[PDB]
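Q: Listed here are the chains, written in short residue letters.
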Amino acid sequence: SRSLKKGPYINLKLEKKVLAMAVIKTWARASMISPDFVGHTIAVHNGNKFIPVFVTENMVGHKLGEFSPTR
Amino acid sequence: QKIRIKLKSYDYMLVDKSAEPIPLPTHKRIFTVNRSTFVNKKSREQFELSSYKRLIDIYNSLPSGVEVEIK
Amino acid sequence: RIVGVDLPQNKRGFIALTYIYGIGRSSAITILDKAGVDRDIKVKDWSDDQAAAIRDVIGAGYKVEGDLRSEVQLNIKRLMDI
Amino acid sequence: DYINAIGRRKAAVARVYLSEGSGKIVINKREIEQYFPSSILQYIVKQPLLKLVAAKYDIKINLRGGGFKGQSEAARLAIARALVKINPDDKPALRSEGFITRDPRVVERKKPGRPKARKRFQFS
Amino acid sequence: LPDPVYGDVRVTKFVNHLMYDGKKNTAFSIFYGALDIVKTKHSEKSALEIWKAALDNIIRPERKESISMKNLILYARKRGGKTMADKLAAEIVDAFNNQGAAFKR
Amino acid sequence: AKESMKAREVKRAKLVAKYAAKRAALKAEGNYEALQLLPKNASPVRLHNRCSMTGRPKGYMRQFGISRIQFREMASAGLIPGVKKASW
RNA sequence: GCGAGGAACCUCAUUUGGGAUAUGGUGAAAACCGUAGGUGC
RNA sequence: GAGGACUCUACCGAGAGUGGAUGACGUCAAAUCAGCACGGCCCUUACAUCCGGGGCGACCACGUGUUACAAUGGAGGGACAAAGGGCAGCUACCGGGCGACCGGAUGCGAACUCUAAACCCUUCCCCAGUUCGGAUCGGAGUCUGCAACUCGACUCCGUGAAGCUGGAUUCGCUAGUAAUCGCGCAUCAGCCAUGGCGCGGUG
Ligand SMILES: [K+]
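Residue numbers (the entry's author numbering), protein chains in the order written: chain p, 2 to 22, 29 to 78; chain K, 3 to 22, 38 to 78, 91 to 100; chain i, 4 to 85; chain J, 2 to 53, 55 to 126; chain m, 12 to 54, 57 to 71, 93 to 139; chain g, 2 to 89.
Because the hints were derived from the structure by calculation, they are not lab data.
No farther apart than 27 Å at their CA atoms in a straight line, the calculated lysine-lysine pairs in the DSS-like style are these:
#1 i:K80 - p:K70
#2 g:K86 - J:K112
#3 m:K34 - J:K47
#4 g:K85 - K:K70
#5 g:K85 - K:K45
#6 g:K85 - J:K112
#7 J:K121 - g:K86
#8 K:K8 - g:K85
#9 J:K113 - K:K45
#10 J:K118 - g:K86
#11 g:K59 - g:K85
#12 m:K34 - J:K113
#13 g:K86 - K:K45
#14 g:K41 - g:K15
#15 g:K41 - p:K6
#16 p:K70 - g:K41
#17 p:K14 - g:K41
#18 g:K41 - p:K56
#19 J:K11 - m:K24
Here are the in silico distance ranges between beta carbons for each label pair:
#20 J:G67 - g:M62: 27 to 35 Å
#21 J:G67 - K:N57: 35 to 43 Å
#22 m:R111 - J:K112: 29 to 37 Å
#23 m:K65 - i:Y24: 57 to 65 Å
#24 J:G67 - i:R15: 41 to 49 Å
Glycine is no exception: its CB is placed at the ideal position from the N, C-alpha and C atoms.
Using the sequences plus the hints, can you model the full thing?
A: What follows is the structure, encoded as structure tokens:
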């Protein structure tokens, strides 16, 4: 896992877009979901499509690419 | 006070002729590569690269390929 | 016996404590050291005070059975719902 | 002072200093009964002394390299040639039992294309 | 090669036959334990003489000795038991008594 | 092989050498919300060791900087100083 | 258990999409904005 | 100060060798245009070129291996003594730590630093799918790296699967050899390394 000395890996641009916020498209598959994301529609790239994800409190703490299969 | 001269090369005759001496143990490296340029494994040949070192001392006070350290 | 489980009496304690769902060999050794019981005598050769100490060490700080099964099943169900 | 000899067996070199005394074999600043706790290993090292001579010599041995069977066999060879220096009439008594001959067998190098020296991969 | 306790090359050859995996002192210990058990349980002559008589009870003479030792070891492995020496002692006593699945097999 | 491979390798080396100071300054401290603002090419993790002349990215040797086939060629040709062929 | 004796990004040739042929702002990045080559046969 | 090491020379059975490399002598239209050059053809508003995000890792048959299926054994506690090869990286020593290694410091660009296990004693297990086995899955973390979801390694705590020595057939060798036990290196930020290349113990 990611070491606690570094903290969570949240993409700064995606976090800024969510805080300033419609479905938000992104390629940040390795971004960790933060509690501020809850209640938002994030369309994650998967290789050829943008799978939409509605963020709920249960998903907090998981990478955004876990809810968008590639194969 | 003393001066120590350490010679080192890759040719024993060359260092022996250069040093006008305690003989230090040699450093022999062995490289193993595939004879073929493609999938044909199990056919290998060995290339040896040797380093010969000599030490001399002068108490109270060269061909190419030899490096000499004076201390 | 000890907690909902009847251990094999003839076995030594440090291996007979592994028959509970939440305890392995290392947890058994740790619990024996914490309760001060030797790891050589059998389960049958336990005083009531020794058994009470072992039971109190097991409780209030360990998930053993029933609760552990419910927690594992809840985690599996949450992962499935994910 | 001390009759000197050397023995080699695999990657193990033994040095012997045999002086007049009463037993008391010391190896690497340690007693022979505590350095080699196996009775087979003590029988190999003290073999040529019993063949001819024990309880009449004090022996100090320095060992380096190899394992316990390599060192014990190397130590036996060193003692065997040290006894022939003390008396030239003891040579046939030691060669007949096969003690002065050095065994030159060492671990063979691993050839390429094979997992071991003479072991080949399974073809099928 | 001399035996470490008895000084007979036949004992060394038998231990060589017994040897597994390159471990020779283990085979020596097994043989000596079996020779001790053959005297502790049952048991005339010494353990070494009893073992030699059992080998005789069980073509070049060297080949005969080798096949006798191999047969004795094979049937010792075949018979049941927990400790290998505890097993093998039964083969020595049974070959001395001239019976069992080992004899004439 | 190819030419775009070598061109982008040289570009990566140039960017890494350009940004080698600020990245170390940010890594020595605890800063990570700004360490992700550096371009991905600037990190030294995208630096493969290609052959110096042919450009083969496999079979690389660190001592000489050449692949195994090129090494055998030059060792047979005598171009590499010191390296000989074992008689055994 | 091979070219491969180091496929998370790079390697990478394969697929989808966006480009071109000093500071800001817009961008996932490339990039934008104002003040000969082929790892093709 | 010369018994070993280490590295230079000279003789070596007519009397009481081995391992490896050389391969004039070869046929397969055998393999290699993707190591590298190169005759011909085909791409230039794209088969050229830059970048993000995916794939090469998705799920029955064959080959090559690693663990086992256990008492010539597993566990716990003590005693052992190797050859070769690496070190801008390994690390002497003090403590935060259960542990992976972090945080202060010390030598070392190399006859200062990483190298044993199988063995030898003592005790438990006593034939049980077990104190055998270690697959799979849940939780906590430690690293590397901008980033570990697809898709890394390692360390703790649980969970504990098939597996009771394997039919027809078939593979490897003739001695420091098979069978075993550990150690090291190449590429490499990390690593899938149970692979490849070597080194020694007992035998
Ligand atoms: K790399």
